[PDB]
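Whole structure, please, built from the sequences with the hints as guidance.
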Amino acid sequence: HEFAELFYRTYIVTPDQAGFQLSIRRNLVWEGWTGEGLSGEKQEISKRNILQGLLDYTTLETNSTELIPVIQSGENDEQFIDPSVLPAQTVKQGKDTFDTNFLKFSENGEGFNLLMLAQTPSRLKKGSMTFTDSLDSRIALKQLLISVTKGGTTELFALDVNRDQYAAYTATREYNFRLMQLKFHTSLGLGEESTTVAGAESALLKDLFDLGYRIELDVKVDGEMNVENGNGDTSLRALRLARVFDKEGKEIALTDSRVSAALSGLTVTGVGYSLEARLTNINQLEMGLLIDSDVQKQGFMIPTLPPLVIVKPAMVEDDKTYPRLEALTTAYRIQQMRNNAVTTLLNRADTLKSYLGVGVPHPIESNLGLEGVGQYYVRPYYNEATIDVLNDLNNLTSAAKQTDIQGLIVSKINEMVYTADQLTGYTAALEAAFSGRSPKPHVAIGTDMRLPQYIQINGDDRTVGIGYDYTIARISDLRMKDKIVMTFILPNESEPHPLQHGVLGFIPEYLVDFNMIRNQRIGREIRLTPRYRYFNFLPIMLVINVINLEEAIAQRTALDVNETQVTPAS
Amino acid sequence: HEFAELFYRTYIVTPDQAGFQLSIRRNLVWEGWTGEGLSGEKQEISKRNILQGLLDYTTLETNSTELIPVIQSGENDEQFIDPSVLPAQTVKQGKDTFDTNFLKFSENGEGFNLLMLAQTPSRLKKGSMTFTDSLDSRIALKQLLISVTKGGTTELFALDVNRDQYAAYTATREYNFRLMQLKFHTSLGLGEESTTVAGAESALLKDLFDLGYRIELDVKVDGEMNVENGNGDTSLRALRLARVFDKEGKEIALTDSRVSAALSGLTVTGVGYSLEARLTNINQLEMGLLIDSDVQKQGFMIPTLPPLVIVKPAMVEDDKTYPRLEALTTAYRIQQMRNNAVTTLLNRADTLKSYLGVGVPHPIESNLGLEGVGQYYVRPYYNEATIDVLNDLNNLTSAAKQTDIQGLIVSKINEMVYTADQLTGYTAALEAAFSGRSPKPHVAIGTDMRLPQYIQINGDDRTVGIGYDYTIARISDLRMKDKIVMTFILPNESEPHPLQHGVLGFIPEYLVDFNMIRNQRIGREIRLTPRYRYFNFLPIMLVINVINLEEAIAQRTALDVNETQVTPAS
Amino acid sequence: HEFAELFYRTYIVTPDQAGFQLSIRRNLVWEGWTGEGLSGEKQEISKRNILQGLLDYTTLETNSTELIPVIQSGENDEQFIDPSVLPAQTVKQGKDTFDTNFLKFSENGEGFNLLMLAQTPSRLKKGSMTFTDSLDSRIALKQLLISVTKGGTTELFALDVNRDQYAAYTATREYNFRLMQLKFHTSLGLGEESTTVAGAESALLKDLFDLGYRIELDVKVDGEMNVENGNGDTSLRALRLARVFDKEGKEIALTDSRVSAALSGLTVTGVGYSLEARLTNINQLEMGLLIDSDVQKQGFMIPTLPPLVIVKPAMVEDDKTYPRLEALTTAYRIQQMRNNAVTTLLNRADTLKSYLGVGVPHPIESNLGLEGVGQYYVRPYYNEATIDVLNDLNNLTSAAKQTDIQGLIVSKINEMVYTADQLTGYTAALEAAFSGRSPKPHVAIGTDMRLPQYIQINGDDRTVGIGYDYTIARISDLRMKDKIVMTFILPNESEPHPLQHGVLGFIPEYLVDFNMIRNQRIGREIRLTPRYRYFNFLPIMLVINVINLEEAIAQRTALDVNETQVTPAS
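Going down the list, the protein sequences come from chains E, A and D. Mapping the first sequence onto the authors' numbering, position 248 (from 1) lands on 275, and the numbers just tick up by one. Mapping the second sequence onto the authors' numbering, position 197 (from 1) lands on 224, and the numbers just tick up by one. Mapping the third sequence onto the authors' numbering, position 524 (from 1) lands on 551, and the numbers just tick up by one.
Honestly, the hints are just simulated from the structure, not real lab data. Some clues are possibly wrong.
Rough simulated footprint, nothing fancy, chain E against chain D, three-plus residues with beta-carbon under 8 Å [to be verified]: (1) 329-338; (2) 346-354; (3) 421-429; (4) 469-481; (5) 497-509.
Just so you know, even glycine gets a beta-carbon here, dropped at the ideal spot from N, CA and C.
Encoded structure:
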């Protein structure tokens, strides 16, 4: 029966075993483990799976290797700018908490060693780096800090210079092969919507900004650094206010009165900078986050079901007298394959109602009381809506009523399916589970013989299919009256997998021929014993219950006659 | 002529037979015969069609072989929970009625024999069981009843547990090869809307539920049972409150003031449980429902009809003077096919209206007075609706009338089609008719040659077939002026069948050439006497009576001049 | 996914080099160097890119071989018309300013030497010689200056004669092997829309023109020219009023009273004429615009990133037991591609917003502080718009609300894309870049899960593009919630190109196996150091911020009651 296979696919189970088991490969991200205490009770291991990383990014992030300058009281305060220019900043790295600040411009020729400044509390406990830690080929500046001062007022601009094709250190062989040199000569443009470090609007250049002007600073930076021992130095060579431009981009001279007043007594000066430094770790000293593999596996069972029976006299041949075969087959089909499936679907819907709540997502590894193993691959989610067609629409005419109902119902179904999809990330689960092919996720829609007049859109073939494929079903059961139950399935595959909506564990049972005495009357009989049961993996379901449809359609035949019988005029 | 065979398939019939007969092999499910008392009156055998099971699910279902704990007052109540906690409940299996209740959690180590803690009156009458039968491989917990006591107020919760796979007994031998144990190791959660046993929202957990909080209970249930002889045990091992969830999934401890108020002195203890267990019926102790085949027969006769005659002067050749039979063929075609088709169709329509009335469905096999054998498969149904085109609409402009009329007619016709198909279950019957392919049900639209400009809506790929296919036919008869006749037909088969709408039993006709002397005339004569008859099988028909359409058409020429003649402005 | 490579075409590079080096070529057109610094100050060679000529018509223009008369006091006054009738006109060719005026009909029969009147001051500086030159075969008159005078009022009509094919000089070698003939013998018409040289409408013919008549005169002008010698003469032979037309194209005689009064005493006199002459430039006298090629180059380098770790028992095989490699590959794929991709995309969007401003384009070549190389090819442009779903739309009854939302979204996206294309000139650069192929520019539109229900409109295949190709992708990050990102990409190419959007610099790294001691343990550390980078090229992005969408969606179910339960009427 068509409705059956669309939600539960036939998977033949051999009669030898009494069921089938499934294995789940769960991958998890380690954070740490139970150190030294003295309790004697449950110790808890902190575990999240990677699939949580599909929902957000911060759960899987590490910068253990990145070289970061670190400030210590009275040991390297000389090479950093004093906190009277900009207070210390807090940055979190690994398990340590430490403060950092912009490096001071060394103009006299004095050098600085980045490896000395790059000692964090984590690396100190490990010992001290000797000469093995090698700086990678990528070194660049985070920001250049330029000081705009006019009349004693100081404003700082954190200009991201890392986004430039002249801001990366380049190898250039002069003395040694491990020496990296820096050659930075661009025209840094300070815009008109830029803000200071704290975020406030700039006040020393507000007048030019109000006229729609942007100012060009010509910057000249020289530096060199050795990747073997980390010694080196950086110098500022030239920085001066170069040009002023209008809205469209015509040059305006510095001595012109349009910009002289705002730039009178205005000086630009370099203060500090940072470096994008990172260790090769040829010998490895860091660990970062760990990864673990665990399998949580569940068993599934194949019941038996109460038998069917046929009566027949024995002494004659059954070849051409009294029912053969087709009676039992039809009874089995109708009784067993359809009605039980509908009952299972309704029970599943109500079970989700009971356990999960309406419209409220739950994080992965949610309540385990839910049927199936879908909760290791996707957020559980259940939503319910009710549409009263009579309330939302008022039109006496019957001409376009049915089209309007189509529009309303399709609007509801598409909106709700996309909201559920975004809240669940099911597509993210499919695209993570398969590498090489990414079949388009499939939404199945089951309903009775009344709704399908409202899921179509005239002149259209994209009805619920905008980024998905659809397949609608039809069923005659009364409990399935005027309601739509929808969920996700996978067209391609036909064996158990934690993303199939449901699987029907089936075992075929054979015909049986025995002659049973009954009240001193012998009658040979044929017994057919069902063995099957519908199972449920995915804990996702969506139900639209359309009520009071009859009266709206009656309005087609209950209109107050708008009749106008006037004499023809031409 | 298209309108003819689109409704009746021309089934050839051999000239030797006087007609064709159909045998309809019917499947009937036995229920019971009344009158084994000695009275000597007609016994009435309650036979009901399985095909009626397409609509209802209570047609074929049983739970007789599955074992149910039966209360036997004064002998085995010790194994049951005291009904002072929960009153006894009655259930129905087969023709027996008995009261049931939850089995008590035995911590005192003495168990229960599930076989002998069962047996219905029917099983006792057939004979008390003697280890003739074993138990099924699948046994699982069905319901857990836990009592919530806080401040002297007790609330009972009937939790459905059968949808967790840790309650399904797992085969693991250590003593016998038929001994299975149970480990229930998970958490049970109570939602903000979980109804209690009384059938309403809670009153002690209402404070948490109203704020969107959920409570999780960790449950630790173990049990042992052997299918060999019904030996078994089950004990409660642990129960406490584990954690509390907010409306988002962040954990909140018991100590927190938001949840501590409603959990002070809150004690939860499980009191009882039920069992899902059943007999293997290897010995076939139990009788199932019965299916029998009965055969029905209908005979149809092919009659003779009035002749047609051409007079021809005789003593000359019959070849190239006076009609060479062309007039015979044309008259034969027209007279014997086209007029008779519409005659039979309209008479059948009024015949259906006479018996079934408007919009009144009938139960299956409830009428035998109607023509046809379709009553053995589908519900008889006849409906009638009239569209007053002018009175249902109000528009003046001539331009949009076409689209508006098209929309109205399509809406009404499609709604009628779907309502009729839902009320008849025709599609389910068609699906059950064949295995391996289910042709899409086909709707026939035969109407006069005025309307068809309205059944098609411009820009529609799917015109009237949203979940069906259609074929449009036209005829020039004056009787069908502004009328639509509808049914369901089978286009891909050409043979008689209970699901065929109608068939032309046709006989090839042999030309007769005898010379008859008529009033002393010696004239060559030719005879072409037809024999055929139109039949009806399916008692399904829908008629659309469109009246007053011409006036709404002329309303295009009846608008009251809307002119706007003003000087151009730009 | 698809989203990642859809915006950053993956490019593999050999692990032997720290990155890939890129070189581009530029074609610039030379005008002149602005300034000689006798103080030693720099010189600025004013260069502009040639592809700037795709959007303008002026920055590359040539006029250096036209032969244009030059007025000289006391040297050629008698060859020019009276300056009183028409003052001197200013004309620019090359870098010389001079005055030119029309040449009078030489009825005295003494000719002119064209190579004299058109010697430019550049040629005077170039030397003084006009006798190795040769005139091109193409000679034709620019304009005939006819004087419409009546009673002392003079009007001048600058009539473009170059667009009549009888004004082209034709070779008639009948006197010498280098003479060519001029015979312009036809009728020119002065329509109602005829405009004077100063730009005013006609005054003497205003009476007829207001009566919609058209006046055409027969022009009979003859002349000769010699290329080798420069000798030639052209004299007026016959000019006269000819005939009069009406609106319907029906000839009106000159003697008619309605026109005779306004045409008697009206004298039409030919004042001056000009010639189109071009030097064959067989002798190399003029250098056109000079264009030069200079090369710009940038180096793109790849970093190394923090590693991932697996802990593992060390005494046995690393192959067939315990956490395998698929854990590693899954962690790598989810972490290093996706998260860094979206981070880079968002950071680039905000960086472009910060430096460039909204709605203000910049000329070809601009501030260099933006990464990329397309700035050398196209105009930088950034624009962002915020659509307010709730405020912009007002619909109560659910039906076409979803359709209306699609209308909003499509309107915004189409207008943004097309306006950006016009202000950037992307398509011109694309077609200029490739010879032999020119795919229609492809627009990439990637967003989160919920919005694609509005990106396409129902009923068509051309969704977001009328002359473009598009690909819609979905991403699952929360950062990209309810926002749309747009830019241009090129699918066919798979290698770095100035018009490509961005490149995924990839270097594969092998995983290492060794022996490790960690905190006095013997374990296995399977290690992989990832190396990858995302580079930016095109400084063009379009961003849409969708807000209050949830309120408008709720407005579907927030409509007030609209119900009319009226009695049936027909």
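message: How does the stretch 421-429 of chain D fare against chain E when you require at least three residues with a CB closer than 8 Å, holds or violated?
response: holds (count 6)
Cβ contact check, 8 Å cutoff: the stretch 346-354 of chain D against chain E, three residues minimum: Holds: 5 residues of the stretch 346-354 of chain D have a Cβ under 8 Å from chain E.
field: Three-residue Cβ test at 8 Å for the coverage of the stretch 497-509 of chain D by chain E
entry: Check passed, 6 qualifying residues.
- request: With a C-beta cutoff of 8 Å, work out whether three or more residues of the stretch 469-481 of chain D approach chain E closely enough for the coverage to hold.
  value: The restraint on the stretch 469-481 of chain D holds, since 5 of its residues have a Cβ under 8 Å from chain E and three suffice.
message: Cut-off 8 Å, C-beta pairs, minimum 3 residues; does the coverage of the stretch 329-338 of chain D by chain E stand?
response: holds (count 10)
The structure meets every hint from the earlier list without exception.
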